[PDB]
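The chain below stands alone and is given in structure tokens; this is the form deposited in one PDB entry.
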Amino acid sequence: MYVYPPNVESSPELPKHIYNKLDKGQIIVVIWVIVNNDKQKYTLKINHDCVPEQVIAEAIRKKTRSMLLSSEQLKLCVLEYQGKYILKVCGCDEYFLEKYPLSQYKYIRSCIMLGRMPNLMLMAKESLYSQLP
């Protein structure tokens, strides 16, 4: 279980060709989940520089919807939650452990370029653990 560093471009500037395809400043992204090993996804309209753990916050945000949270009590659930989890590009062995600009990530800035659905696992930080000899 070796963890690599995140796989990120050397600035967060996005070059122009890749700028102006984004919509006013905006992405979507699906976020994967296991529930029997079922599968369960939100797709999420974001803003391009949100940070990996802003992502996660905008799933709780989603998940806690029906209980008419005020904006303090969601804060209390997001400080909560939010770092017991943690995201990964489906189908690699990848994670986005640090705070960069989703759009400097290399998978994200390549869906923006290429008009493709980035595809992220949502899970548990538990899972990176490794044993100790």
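Note that the rigid core is defined as the largest set of C-alphas that superpose within 1.5 Å between two forms. Positions refer to the first chain, counted from 1. What changes on going to the form deposited in another entry:
Superposing the rigid core between these two forms leaves a single residue from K75, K45, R61, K41 with a C-alpha shift of at least 2 Å: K75.
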Given for the second form:
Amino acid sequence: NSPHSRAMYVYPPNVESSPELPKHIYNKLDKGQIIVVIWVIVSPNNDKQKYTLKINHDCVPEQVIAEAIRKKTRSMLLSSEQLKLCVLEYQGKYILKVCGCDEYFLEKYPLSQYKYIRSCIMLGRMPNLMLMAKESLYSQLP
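Same protein, different condition: the form deposited in one PDB entry was shown, now please give the form deposited in another entry.
What follows is just the one chain, with no partners and no other molecules.
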């Protein structure tokens, strides 16, 4: 089986049955938008950097990856064609997970449909997420 399949089997997504967000949960957001923190390892010294994003609650994990690139590329050092290539490149290179936990967001679902996010919203807690390279995920498989 493909490494993508084995990651799905080992780390199955914890999504809700409906993508429709309950009204009492949606009202806890800022006009349906949720503030999340995105971590990443940027240096060989395992130094971690972070971005604080405000995104729609129904963003899929691949849209979170794209939104984090737009946050960084605000300071322009690349053309538009280079930027589009970088978004597609890193969308196929990185996956999203909960920081410090064995909870992953490998499948295309609205972020708020994942159970970890809903508990974060109901608890008034900020989702603490990490961008991990797909190859680093495939190497830790049994």
